[PDB]
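Entry: chain A
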Amino acid sequence: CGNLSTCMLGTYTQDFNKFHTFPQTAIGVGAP
Partner candidate 1 sequence: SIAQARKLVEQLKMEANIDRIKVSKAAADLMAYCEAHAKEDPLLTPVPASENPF
Partner candidate 2 sequence: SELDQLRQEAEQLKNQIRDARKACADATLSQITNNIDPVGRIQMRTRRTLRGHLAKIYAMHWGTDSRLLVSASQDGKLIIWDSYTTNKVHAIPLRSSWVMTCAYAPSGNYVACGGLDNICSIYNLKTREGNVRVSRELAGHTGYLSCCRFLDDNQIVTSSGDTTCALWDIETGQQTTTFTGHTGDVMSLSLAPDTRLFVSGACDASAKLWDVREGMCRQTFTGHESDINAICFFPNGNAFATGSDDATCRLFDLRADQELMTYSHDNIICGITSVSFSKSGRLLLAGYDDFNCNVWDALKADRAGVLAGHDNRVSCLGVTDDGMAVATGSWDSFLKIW
Partner candidate 3 sequence: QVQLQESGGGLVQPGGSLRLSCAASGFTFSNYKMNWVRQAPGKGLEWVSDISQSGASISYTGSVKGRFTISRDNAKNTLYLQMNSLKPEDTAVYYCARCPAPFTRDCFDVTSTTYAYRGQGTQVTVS
Partner candidate 4 sequence: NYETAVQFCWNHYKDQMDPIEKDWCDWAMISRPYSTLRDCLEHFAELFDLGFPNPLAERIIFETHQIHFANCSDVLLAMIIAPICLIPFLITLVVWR
């Protein structure tokens, strides 16, 4: 789903989780 009221907790559970477990990528610096 995503952007759906029922899975709002799940959509939040994913976006908030992506910061801790997934490191930030290089935004153009030393890359495309």
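A quick word on the picks: all candidates are chains of the complex that A comes from, given by their letters.
We adopt the following convention: a residue touches a chain if its C-beta (ideal position, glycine included) is under 8 Å from a C-beta of that chain, and two chains touch if they have at least 3 such contacts; residues count from 1.
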> Out of the numbered options 1, 2, 3 or 4, which touches chain A in the complex?
Replying inline: 4
> Of all residues in chain A, which touch candidate 4 in the complex?
Replying inline: 30-32
